[PDB]
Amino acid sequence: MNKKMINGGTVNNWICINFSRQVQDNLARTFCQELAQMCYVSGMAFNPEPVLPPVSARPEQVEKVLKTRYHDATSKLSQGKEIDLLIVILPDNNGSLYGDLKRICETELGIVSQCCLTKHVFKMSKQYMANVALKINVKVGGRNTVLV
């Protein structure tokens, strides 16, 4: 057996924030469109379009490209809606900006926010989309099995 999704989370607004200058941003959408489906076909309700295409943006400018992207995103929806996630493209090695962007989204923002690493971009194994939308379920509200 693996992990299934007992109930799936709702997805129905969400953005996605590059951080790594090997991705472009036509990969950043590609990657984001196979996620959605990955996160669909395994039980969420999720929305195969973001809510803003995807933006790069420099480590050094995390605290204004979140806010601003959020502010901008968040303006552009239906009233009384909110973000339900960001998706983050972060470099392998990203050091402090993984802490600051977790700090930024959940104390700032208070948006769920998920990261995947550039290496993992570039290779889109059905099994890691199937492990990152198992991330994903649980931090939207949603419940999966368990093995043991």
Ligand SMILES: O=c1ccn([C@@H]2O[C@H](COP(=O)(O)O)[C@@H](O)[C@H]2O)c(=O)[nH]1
Given for the second form:
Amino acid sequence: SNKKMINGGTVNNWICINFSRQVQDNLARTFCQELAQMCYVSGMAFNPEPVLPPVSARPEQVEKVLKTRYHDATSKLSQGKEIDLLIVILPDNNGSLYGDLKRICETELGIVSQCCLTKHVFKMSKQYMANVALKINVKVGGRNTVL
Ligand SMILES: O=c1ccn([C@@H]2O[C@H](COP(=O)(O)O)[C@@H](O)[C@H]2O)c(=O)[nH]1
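Which structure goes with the form solved in complex with the named molecule, now that we have seen the form deposited without the named molecule?
Up next: the whole complex, starting with the chain shown before.
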């Protein structure tokens, strides 16, 4: 047995921010679509469309991009609803960007986030997608089997 979902969580509203200069908008979009579809067939409720299209940003503007995109996406939502998930595409070698992302998400925005490295975006393997679905599920309050 590989791990599976016991209870799938719910991602009704999500957005993607991209920090990789090797990744054009359409690829981030296609990536997120494949990931969304994996989470769904694995047992989640998962909106096949994001609240807003992916945006591309420089690592240097992590604070500004995250806060602004959070604000703009949340504002688009029916009053009282919140963003369930941020998918972030990172350069493979991103230095302090991961840790800065996570501090902002955890302690300022209080948003669930899932980072994905450029190398996996390019490969978009089903095994990778399945693993990341599992991580997401736990993060949004689902439950997975144990080995
Ligand atoms: O200091 C770190 C820690 C993790 N990663 C990457 O982020 C991913 C997972 O992100 P997340 O599940 O913590 O959101 C990985 O596949 C991992 O290699 C980094 O780029 N920097």
